[PDB]
Amino acid sequence: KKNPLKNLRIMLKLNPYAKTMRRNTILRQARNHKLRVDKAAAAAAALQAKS
Amino acid sequence: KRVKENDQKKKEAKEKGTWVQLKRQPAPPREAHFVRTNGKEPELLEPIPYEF
Amino acid sequence: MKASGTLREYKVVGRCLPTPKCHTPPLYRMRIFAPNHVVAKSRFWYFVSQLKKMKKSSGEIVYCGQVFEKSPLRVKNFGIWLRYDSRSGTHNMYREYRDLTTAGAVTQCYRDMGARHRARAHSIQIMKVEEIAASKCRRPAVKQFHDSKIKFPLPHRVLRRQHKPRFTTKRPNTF
Amino acid sequence: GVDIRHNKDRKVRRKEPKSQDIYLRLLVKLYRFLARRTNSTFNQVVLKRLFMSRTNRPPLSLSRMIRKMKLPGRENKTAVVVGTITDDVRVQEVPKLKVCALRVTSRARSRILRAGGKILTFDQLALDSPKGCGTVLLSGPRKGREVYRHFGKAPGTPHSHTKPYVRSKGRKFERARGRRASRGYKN
Amino acid sequence: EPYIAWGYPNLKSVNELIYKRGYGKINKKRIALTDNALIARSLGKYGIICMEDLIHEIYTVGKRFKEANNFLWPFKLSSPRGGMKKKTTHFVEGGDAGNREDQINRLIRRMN
Amino acid sequence: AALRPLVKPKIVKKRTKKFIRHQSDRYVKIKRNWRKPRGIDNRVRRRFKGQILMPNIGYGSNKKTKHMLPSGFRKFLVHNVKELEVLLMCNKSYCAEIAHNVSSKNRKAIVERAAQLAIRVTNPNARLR
RNA sequence: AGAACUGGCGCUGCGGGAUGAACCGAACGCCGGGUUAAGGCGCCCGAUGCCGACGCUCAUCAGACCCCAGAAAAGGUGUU
RNA sequence: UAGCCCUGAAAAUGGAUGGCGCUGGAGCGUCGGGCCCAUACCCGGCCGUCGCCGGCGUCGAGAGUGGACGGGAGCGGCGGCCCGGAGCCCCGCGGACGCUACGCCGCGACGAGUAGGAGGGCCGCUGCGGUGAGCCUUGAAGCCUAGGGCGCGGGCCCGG
Ligand SMILES: [Mg+2]
Ligand SMILES: [Mg+2]
Ligand SMILES: [Mg+2]
Numbered sequence: 315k316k317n318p319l320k321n322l323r324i325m326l327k328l329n330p331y332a333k334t335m336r337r338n339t340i341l342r343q344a345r346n347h348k349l350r351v352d353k354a355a356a357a358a359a360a361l362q363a364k365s
Numbered sequence: 107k108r109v110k111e112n113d114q115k116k117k118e119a120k121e122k123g124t125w126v127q128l129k130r131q132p133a134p135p136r137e138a139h140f141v142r143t144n145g146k147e148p149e150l151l152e153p154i155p156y157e158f
Numbered sequence: 001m002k003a004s005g006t007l008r009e010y011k012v013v014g015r016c017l018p019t020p021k022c023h024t025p026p027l028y029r030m031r032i033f034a035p036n037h038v039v040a041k042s043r044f045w046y047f048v049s050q051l052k053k054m055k056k057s058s059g060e061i062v063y064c065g066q067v068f069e070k071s072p073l074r075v076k077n078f079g080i081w082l083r084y085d086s087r088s089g090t091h092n093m094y095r096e097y098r099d100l101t102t103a104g105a106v107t108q109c110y111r112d113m114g115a116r117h118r119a120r121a122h123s124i125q126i127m128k129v130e131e132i133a134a135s136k137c138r139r140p141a142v143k144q145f146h147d148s149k150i151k152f153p154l155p156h157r158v159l160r161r162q163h164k165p166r167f168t169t170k171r172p173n174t175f
Numbered sequence: 002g003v004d005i006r007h008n009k010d011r012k013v014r015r016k017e018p019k020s021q022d023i024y025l026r027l028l029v030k031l032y033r034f035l036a037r038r039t040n041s042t043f044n045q046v047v048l049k050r051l052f053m054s055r056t057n058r059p060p061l062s063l064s065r066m067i068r069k070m071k072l073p074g075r076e077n078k079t080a081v082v083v084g085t086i087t088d089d090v091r092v093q094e095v096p097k098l099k100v101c102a103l104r105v106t107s108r109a110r111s112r113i114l115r116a117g118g119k120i121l122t123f124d125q126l127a128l129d130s131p132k133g134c135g136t137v138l139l140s141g142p143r144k145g146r147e148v149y150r151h152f153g154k155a156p157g158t159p160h161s162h163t164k165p166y167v168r169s170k171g172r173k174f175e176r177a178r179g180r181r182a183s184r185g186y187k188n
Numbered sequence: 137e138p139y140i141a142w143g144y145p146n147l148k149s150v151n152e153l154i155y156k157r158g159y160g161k162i163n164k165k166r167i168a169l170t171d172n173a174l175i176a177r178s179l180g181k182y183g184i185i186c187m188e189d190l191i192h193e194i195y196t197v198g199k200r201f202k203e204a205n206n207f208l209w210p211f212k213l214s215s216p217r218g219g220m221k222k223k224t225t226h227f228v229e230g231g232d233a234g235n236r237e238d239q240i241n242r243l244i245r246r247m248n
Numbered sequence: 002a003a004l005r006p007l008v009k010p011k012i013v014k015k016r017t018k019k020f021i022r023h024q025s026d027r028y029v030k031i032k033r034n035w036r037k038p039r040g041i042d043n044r045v046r047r048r049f050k051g052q053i054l055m056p057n058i059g060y061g062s063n064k065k066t067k068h069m070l071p072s073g074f075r076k077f078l079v080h081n082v083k084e085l086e087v088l089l090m091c092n093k094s095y096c097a098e099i100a101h102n103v104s105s106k107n108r109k110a111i112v113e114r115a116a117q118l119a120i121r122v123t124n125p126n127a128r129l130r
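Protein sequences, first through last, are from chains A, B, C, D, E and F.
For the first sequence, full-length UniProt numbering assigns the number 365 to the last residue and increments by one with no breaks.
For the second sequence, full-length UniProt numbering assigns the number 158 to the last residue and increments by one with no breaks.
For the third sequence, full-length UniProt numbering assigns the number 175 to the last residue and increments by one with no breaks.
For the fourth sequence, full-length UniProt numbering assigns the number 188 to the last residue and increments by one with no breaks.
For the fifth sequence, full-length UniProt numbering assigns the number 248 to the last residue and increments by one with no breaks.
For the sixth sequence, full-length UniProt numbering assigns the number 130 to the last residue and increments by one with no breaks.
Hints in this document: simulated from the structure, not taken from any laboratory.
Quick reminder that beta carbons are idealized off the backbone N, C-alpha and C, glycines included.
A hint or two may mislead.
Said to hold, decoys possible - Among chain A residues calculated to face chain E with C-beta under 8 Å, some are:
| # | residue |
| --- | --- |
| 1 | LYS315 |
| 2 | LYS327 |
| 3 | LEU328 |
| 4 | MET335 |
| 5 | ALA358 |
What the hints assert, rightly or not - Below 30 Å or equal to it, Euclidean Cα-Cα: the simulated DSS-like pairs (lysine-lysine) are:
| # | chain 1 | residue 1 | chain 2 | residue 2 |
| --- | --- | --- | --- | --- |
| 6 | D | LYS49 | D | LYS99 |
| 7 | C | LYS143 | C | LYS164 |
| 8 | D | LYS154 | D | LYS187 |
| 9 | D | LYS119 | D | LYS132 |
| 10 | D | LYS12 | E | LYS221 |
| 11 | E | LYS181 | A | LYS333 |
| 12 | C | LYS2 | B | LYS146 |
| 13 | F | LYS65 | F | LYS76 |
| 14 | E | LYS164 | C | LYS2 |
| 15 | B | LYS129 | E | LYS221 |
| 16 | E | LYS156 | D | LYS132 |
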C-alpha cells in the first residue's frame, strides 16, 4: 500500500479528479501571488514615489 | 396497533406507489432550526452569593 | 475546569426545548471564562442547573462565541466576586487586580486563589467581573499604582544562567 | 489482542481421513480435485463424506434404498451413498435401480444384479457424471446404534428414557427402588 | 466515555483516514484498499464503486452508511506525537477522555 | 572455496549464543542441555528481566536459510561410492559429508569421485596419511 | 471475622510507585525505526543547561506527590 | 474567618521525602511550551499457529468473462482488367522451474500461562522382522577436546 496524498498517480489511480483539482488551485495561488506582488509594489512604490 | 395499523397503509401505498418507510428509526439528532429574539435581548444571569 | 493556559471570555446564550405546555422559553445568557469553547458549554450547563430547572439533555444552546474586550491596550482596574469552597466552609469574596482585559484578570484570579487560599480551579465560582474606575478601588495593593509621575528602580537583577560560560572567570554583579 | 474468547479459533472438522486405506485416498484425490474445480455442491458433500469416521458412515440397508427411490421424481437417477449396502431379507420384490456405493455386501450385490440393476463405484461415477447430474444421494440411519440409546438426560432423572447400564437384564437388576413407586420413590 | 474519545470530524479528517489508513474486509481479512476494483467487486451492489463515492456515504451520513462503515476495518491508528493530557478524566476536566466536540480534528492528525 | 554454489543469502540467525539450562553453571550434575523449567517458584519460567532466556518458536530461523552451512551448501552425509552419485543433480546446492566410520582406503575413492562429479566434500583432507 | 456487584493477584511477566502479590499504566513470538501511557526531567539516573508564568513560605522538630507508612483538639499582635 | 508556618508533639542499635542535598526553590498551589522511555501503539522484517484458499492445463499451444456452424440475404476491408477466399507455420524442429498431492504456493489475522487436556518429533536409549550388493584391524564401540559446524529446542554431524 503505497501512500496516497504523498505520491502522485496513486491518488490519480484512485481519484482522477484530484489532479485537475490540483492544477486548478495551483493556478489560483500562483496568480494570486502575482496579485500580491503587483498590488504590493503598487502600494510600496506608490508613496515611495510621493516623497 | 403498529403491525395491524400499517396494514391499512401497506395496501394503501400499494395502489399509489411510494417507499413509505413503515420501518421505524430511533430519534434523529435535532434539525437546524432558526431561533428568534424578537424585541428583547437575552436575560443576563450569574450565580448567587453564599448565604446560609 | 482546569483553567489551562490563558483563559478566554465566552458568551453563551441558551434555552430549553419547545414544549406543548409553553412555547418560546426566554433564552437566558451568561458570560463564561474557559480555556476553549467546550469547557464554556460545559460550565454553562453547570451554572444553569444550579439556578433553573434546565439540564443539558432538556435544553440546547444557540450561540457560544468569544466575546472580547473593547480596549485591549487600555489599562484597567478589575474588581471581581467569587464563591469559592474552602475546606471548612465556603466564602463570599471581593478581589481586585490590574491587567489589560477581563480574561487577563480571571486568569490572574485562579492563579491567586491557587496561591493564597489553596482552592483548586474546580471549586471556584465567578459571580461577576466588571471593571471599576480608579479611586473607587478598595484594595490598597492596587491603589498605590494609581499615581502619575511614578518612578522606581530595578534592584538586584539576575537571570540567564548556564547561558554564558557555565564556567567563567568573571564574578556577576547585581547592579 | 483483545478477545479472551480465543478458545474457538481452531475448527475441529477433518482435513484428511485418519485411515491408511490406499483405495480411499485415491477417491479423495479424485474428489478433492473435483471439489475445488467443478462449481457444484454434490462434489463438496461426497468429498466431506471421504474423511470423518466409520461411526458416521452407517450401513444403508437395501430396503430403505428401494423405499426412498419409489417416490415421484426418482425414475432414472443413481443411488449414491458413501457407505456400505447390506441387504434385507425382509423385502421380496426388488426393482431394477442403478446404485453407486463403496462396498456392497456379497449377498446384496447378487440380489441387485438379478433384478437388472448395476452396481457402480466412485471411479465410474466420476466418468458418468462429474457434476453429480441426475443422481440421488442417500444416507443411512446414523443414530440407530445401540450407543445412541444410552444417551439422553440421565437414566434416573424425571422421564429419562435412557436405558441404564446393566451387565445382565432381568429381575433384581435395576428394578428395586427409584424404578417403582412401592419401594422408595417414582423417579 | 471514560474509555473513548470522540468529536465531529471535518472533511479532510474523513479524507485522511480512508486513503492513508483505510482497509477493506473482503470476506474476513483486512487488505490494503489501493484500487477502485477492490471496492466495486465488494460493494457496487449498493452503488459506490469508486473510492470517493465511499467517502460521500461516510461523510454525509447516507442511505448505505451501515454497509459502508461495516465494510471498513477499524482504523488501527498510531500513538499521538504530541502526547496527551492525563488520559483518564474528561476533556472538560482538562483530560482528554470523552466528547471533545470537533476538537477531534486537532487530534486525528497527531494520531496519523 | 572454488566449488562456488548458487545464490547464498544473508544468513541471519536471530541468536548465536546456544540456550543453556537453568543452574548450569553451579553444578556438574546438571549438564548444559536444555530442559524447560517447570517449577512453581522459579523466575526463569516466570521470566523476569535480566535472567536466562528460554527458547520459543520466534527464534526459528528463515525458511530459505534453515540448515544452510555458511559455505553456502546444505550437508548430506554419505558412506560409499554409489550413494555419492545420488547427489549429481544437486552439485551446486548440496554438499557431501563423509562419515567417521569410513576407513582411509574407502575415503580415497569417494574424494576422487567427488571431483569428477564436482561435488563439495566438506572433509577431503580427513584421516589421510 | 463475615457477606453483595465488578476487577485483579492465584496462573503474569513489562514501564511506574526508591524496594513491594493485589496499587497506576499496560497484558508477552524474535527484532530494526517511530511515537506515547502512568510517570517524571539539580546529581546519582535517560530527560528543564526553558534567560518558564503568577504568588505562598523561615521551620534552634522545615517541607516534599493515590493506596503508602508515624497524628488530633485547642492556640499564635508569625504572616498572608 | 483560612492558606503556609510554628506551639501542642514522649521509647529504647545509628538513620531515613530513597540517598545526597535543597531556601530568587531541587519546598507548597494553580498552569504553559518542551523533553526522556515499556514487551503498549503504528511501519517493516522473520518464525509459528489458525482461517479462507490455489494448481494433476507440464496444454510454446493451452486461452476459457459464450462456440461450432450451414445452407436462405446483403455490411466494409483484403488477391480489378466490377467476379472476389484456408494457411496441416515452418528461414530456426527450438521453449527455465515445477505437483513427497501426507507436497508446493498465496493472502489475512492472532502469539502470556501454573494445574490440566491433545498434536508433532528427520528427539533420544534397549531388543526383533525387514532393508541399505551399508560401515569397518588401511581401527568398530567407548571416552576426551580452547577444533569445524547445524537445529528455536530434544539432540545431532564432522575434525584431532
Ligand atoms: Mg505461585
Ligand atoms: Mg522459590
Ligand atoms: Mg502443565
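The hints, checked one at a time:
1. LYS315: This hint holds: A:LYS315 lies near chain E, its Cβ roughly 3 Å from the closest one there, short of 8 Å.
2. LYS327: The hint holds - A:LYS327 has a Cβ within 8 Å of chain E, the shortest such distance being about 7 Å.
3. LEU328: At 4 Å from the nearest chain E Cβ, A:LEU328 passes the 8 Å test, so the hint holds.
4. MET335: 11 Å, violated
5. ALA358: 35 Å, violated
6. D:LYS49 with D:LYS99: 23 Å, holds
7. C:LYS143 with C:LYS164: 40 Å, violated
8. D:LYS154 with D:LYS187: 17 Å, holds
9. D:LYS119 with D:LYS132: 20 Å, holds
10. D:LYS12 with E:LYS221: Violated, at about 44 Å.
11. E:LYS181 with A:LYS333: 28 Å, holds
12. C:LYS2 with B:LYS146: With a Cα-Cα distance of about 35 Å, the restraint between C:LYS2 and B:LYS146 is violated, given a limit of 30 Å.
13. F:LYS65 with F:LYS76: Measuring from Cα to Cα gives roughly 15 Å; hence the hint holds.
14. E:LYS164 with C:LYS2: With a Cα-Cα distance of about 45 Å, the restraint between E:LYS164 and C:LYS2 is violated, given a limit of 30 Å.
15. B:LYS129 with E:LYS221: With a Cα-Cα distance of about 44 Å, the restraint between B:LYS129 and E:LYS221 is violated, given a limit of 30 Å.
16. E:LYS156 with D:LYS132: 46 Å, violated
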